[PDB]
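Left out: one protein chain. Kept in place: all the others.
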Amino acid sequence: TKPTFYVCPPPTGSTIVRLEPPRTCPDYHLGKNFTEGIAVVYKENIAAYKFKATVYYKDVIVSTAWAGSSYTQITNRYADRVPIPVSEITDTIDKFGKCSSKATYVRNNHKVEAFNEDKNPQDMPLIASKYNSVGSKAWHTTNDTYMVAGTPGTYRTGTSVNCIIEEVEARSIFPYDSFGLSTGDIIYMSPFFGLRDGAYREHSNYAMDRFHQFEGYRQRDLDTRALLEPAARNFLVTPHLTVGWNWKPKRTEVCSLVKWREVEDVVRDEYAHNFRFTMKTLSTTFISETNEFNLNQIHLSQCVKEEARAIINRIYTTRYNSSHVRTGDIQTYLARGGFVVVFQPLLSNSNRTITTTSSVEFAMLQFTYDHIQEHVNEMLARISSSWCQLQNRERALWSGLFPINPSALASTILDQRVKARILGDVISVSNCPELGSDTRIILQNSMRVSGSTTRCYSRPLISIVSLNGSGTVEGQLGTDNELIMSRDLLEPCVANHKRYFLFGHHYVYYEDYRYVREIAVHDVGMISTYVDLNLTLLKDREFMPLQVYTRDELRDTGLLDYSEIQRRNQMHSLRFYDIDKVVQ
Amino acid sequence: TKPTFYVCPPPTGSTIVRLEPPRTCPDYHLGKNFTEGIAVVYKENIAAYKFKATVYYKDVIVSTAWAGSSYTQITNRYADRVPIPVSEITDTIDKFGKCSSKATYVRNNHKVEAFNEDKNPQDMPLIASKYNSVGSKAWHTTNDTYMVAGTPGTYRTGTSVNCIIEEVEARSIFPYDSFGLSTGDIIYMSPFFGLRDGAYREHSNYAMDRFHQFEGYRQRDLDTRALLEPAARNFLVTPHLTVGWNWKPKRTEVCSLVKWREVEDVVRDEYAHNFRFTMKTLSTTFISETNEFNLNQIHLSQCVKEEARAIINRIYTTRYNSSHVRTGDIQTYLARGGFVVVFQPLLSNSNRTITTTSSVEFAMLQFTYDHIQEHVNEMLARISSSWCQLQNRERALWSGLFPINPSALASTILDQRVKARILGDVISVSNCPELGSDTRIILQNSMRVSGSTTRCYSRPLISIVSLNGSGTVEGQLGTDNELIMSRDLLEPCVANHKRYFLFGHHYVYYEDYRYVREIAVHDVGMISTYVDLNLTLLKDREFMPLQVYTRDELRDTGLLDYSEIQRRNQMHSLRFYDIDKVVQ
Partner (left out) sequence: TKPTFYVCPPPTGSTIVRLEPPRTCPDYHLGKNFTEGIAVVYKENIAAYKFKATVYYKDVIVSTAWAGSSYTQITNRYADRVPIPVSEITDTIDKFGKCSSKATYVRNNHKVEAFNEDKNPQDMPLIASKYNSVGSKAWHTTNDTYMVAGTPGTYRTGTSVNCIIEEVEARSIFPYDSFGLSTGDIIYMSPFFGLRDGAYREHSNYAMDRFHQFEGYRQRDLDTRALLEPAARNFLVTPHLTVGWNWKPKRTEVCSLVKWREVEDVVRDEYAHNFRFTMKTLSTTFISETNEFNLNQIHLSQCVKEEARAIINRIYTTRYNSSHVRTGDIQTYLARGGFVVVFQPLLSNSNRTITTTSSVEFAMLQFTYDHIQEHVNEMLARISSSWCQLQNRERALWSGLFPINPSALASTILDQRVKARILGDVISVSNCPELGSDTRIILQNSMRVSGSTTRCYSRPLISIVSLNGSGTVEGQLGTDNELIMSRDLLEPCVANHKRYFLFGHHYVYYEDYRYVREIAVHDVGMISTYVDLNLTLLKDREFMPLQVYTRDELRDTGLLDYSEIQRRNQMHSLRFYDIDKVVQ
């Protein structure tokens, strides 16, 4: 509650200062050279190469029964899948639509045969299965299996043979040196093995005697009974069945890269030694290197070039036909995480394999961060430039207002109470030491000069009585609790005089140069020159490691688990038998 | 180092200007109409429907031995799994807990039988396996397998039959038209096939003679020897075993959608034709359309409605019991990426299938971007409003300070040195052309008027001597290196005169109207009116395509790989035999 006053001795030319000329503000050259265009992004092809084939085999069952007193007993049953030799196929099924009843094959290196029901061989028609729905079709000749019992006390052996033609779906994966079938049989030969076009250099685990090729082969549709259209056709006689598939060259069917996404409007900027591809429709930003990608380092990449050319030409002709024009041939870049962006640059009218990560967020995060960063940097640059203009403008008010009141402005700028004079075009400042304790300042009642009536004081008079015995100073009350050491502020005595003066924590009121009243500072109504800026801060957040499906849930979508079946079924003999007891 | 001076000819009323009235600032109406409430998010169910069943079968082994000189030789061994007909089950096992020793079945379309050890049929008790741990239990009758040798030189055939009852776990996937068992057998009949409640319209690949239903069937627990509780029970006699499972209706057990996450506090805002669901506890924002979702377009969605009703009612009663109140029935929205949000709106007291993506991460990105965007937009709006108030306030200082010094303020505003006059309520400006070269300005030593002593000049006097022969102008030094063409700035000769004047790069010092000294501008102490704003920019970042597990690592978690086993084991005959040699 104690007011602090100062005592400012008269200044001296010692400390002179000046206002700095207006500072220049940096011009922020934020903005890069970009390039609009069209892009097609390609990922690695992880799917298996899928085609359709046919299996031709005969089901040769050999049943041995023991005819008993009142029953028949099967004492053996040997089921076996045997191939159909290509001679019978190309000479009987695709000729008359019939299949011989006699199996001729090779087992244990011997040429063995077998006859259904031990009868004369016939040619039976191939009849569709009862479940021949779409896709999975099969034609067989016999619905019955033959066995005989005999007279009680003897063994009799029967035998069935069932000509079966099934359409299967084959499937081969890189490096395409084998393919498995829906029946479960692995065929250790590439689907592109042949005799011409350098195909004889494919992989094959079989001898060339098992392999037959029919150029111009006209396969037969067993439903419409009509020959199909000519097409080279491979036939391979596996020890347990015969596979046949339409031959197709390797160069035109499989390709390591597949189109992932077409992007109509991209923008390529160049940031510090690296390219950047911003795609605002996907909200995805890929970051490549400045070098081109040579598609000769990747196996089987012949599709992408022409595929992307057709797609990119269509996109340009359908969207940018009139606004822009092309500027050269397509460029190929390897984006980060294993992607391949085929980029066509537009202008306005003015060996290994690639492994792709399984994400797109490392890119969506990149786009979002780039957006916020670019925008916030632009806004900060604008704030900075605007701030400079405002300071350079306020320098004029400060420089133009010093003549009117130099001491107040110099005390504000230096954040310390000082007394300043204008010595022409410069300012001579001087520190005002604060009035210490042991000092009693008494306030006089009247502002009138003694005896004189046309002249009166301007500010209230005070008496700074000293306590250390240094006498008694008699001055008057300056401004902002500044105590001048003289009474040289007089004025012509105005009429209807009313003034308020700041005395510590009070506003003393003087009417006709005499004390009238006093009012606390906290009682006077307030006027604010302050403009408000209530800026709130971003709060801290914590992200939870959320998931839509767990690994268990993702390994729970199939009908059977191979490892489960094997763990449960491979202890059939341990569970239900005693493998440790010996019989003597 | 050369100072540049100007020469300002007297202005003319030609160019008059004025201060613009205060500009209005836009009121930013940033803020949307939101709606708090509770939500439950549902994903597609990708798991298989799992139940428990029992398999009843007999292991019929037929061994053929050749008794030799000093050894016995197995010349054949035919193992086979055969069904247990439902008559024996429902009449002997669930009646006395015993199983007949005689197998009666159908092979090759003939009714065949077989007897263990070729003896009289018995009824053996079903005994638990030695490995009957939790879950996987099995009861069998015989631990031994019977075979006989005979006299050296003859073949003898034995036969075992082992009654086996196993509890398996069945598993069926959409569209639920088959189910596989832990033993490996596919049962081509839906788990919900029956005779009542329209169940006879399910899928079945078998004839109705193989199917038996026992309404009110009381199954028997082979451990506590006690009947279980009544429940309709289906029995199906597959050619190789008999499956039995408790029947359950399709409408009450399987449902395409499963609850993923309950969210207690959500907020639905409406942004440009689309809904948005902000969930601050998950930090996830889903973006749907304005339309409701009809759950009748999705197969098997009967669970979600009532399930969500119970959960949502519990959540309200446990958290928002007193603060808010409900405002109508639940609404169903299809969020983006394939999710289903069942949203219950609160208020304060004042056919196909759905395919779900495997990542809500695009939604965590959405939430984070929405947060930064909303907050930064709010802060920019506040900066803009505050900026307007500050400019509208500084307009008062500029307008109020022009009378004191019009030329300085007009030179600052126009960013060009000009001379302005106040022609009443307007300002008449005039350009000040800069003083060119070939001009020598000489500085006079004394500021005193010749002869006069009570009158002296205010600013130093200069002599602008010309070189093109245009004579010699004699004026004095104005302010800011302005060269007035006259000497009309006089003053009453003050006592103790001290002034500093700016002469190019120097402050010339004059004491009693005579030159005294000079000081370089770079030597005078400085006072700064500048407030600092050191704003730093966001730097560029590069995100690496990081992963926790690769695709290989994710295909390395199982005990066996089916394709690996098949590639290695299906060349057993090629590796270890010579399939190309013929014997003659």
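Going in written order, the chains are labelled A and B, and every chain counts its residues from 1.
As a convention for this text, contacts are C-beta pairs under 8 Å (C-beta built on N, C-alpha and C of every residue); 3 or more make two chains touch, one makes a residue touch a chain.
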Option touching the unshown chain, where B:132, B:178 or B:431 are the choices: B:178
Residue in contact with the excluded chain [from A:7, A:199, A:232 or A:380]: A:380
Touching residue (missing chain; options B:336, B:487 or B:497): B:336
Candidates B:277, B:293, B:333 or B:369 - the one touching the absent chain: B:369
Where the missing chain touches subunit A, by residue: 43, 46-48, 59, 62, 64, 76, 78, 80, 107-114, 129-131, 136, 138, 140, 143-145, 157, 162, 164, 171-173, 178-180, 182-184, 186, 205, 260, 282-284, 356-362, 364-365, 368-369, 371-372, 375-376, 378-380, 382-383, 386-387, 389-390, 393-394, 397-398, 401, 404-405, 408-409, 412-413, 479, 498-502, 507, 510, 524-531, 533, 535, 537-538, 540-547, 551, 554, 557-563, 565-567, 570-571, 573-574, 578-583
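Convention: only the chains that are shown with their structure count from here on.
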Chain centre separation (subunit A, subunit B; CA means) in Å: 10
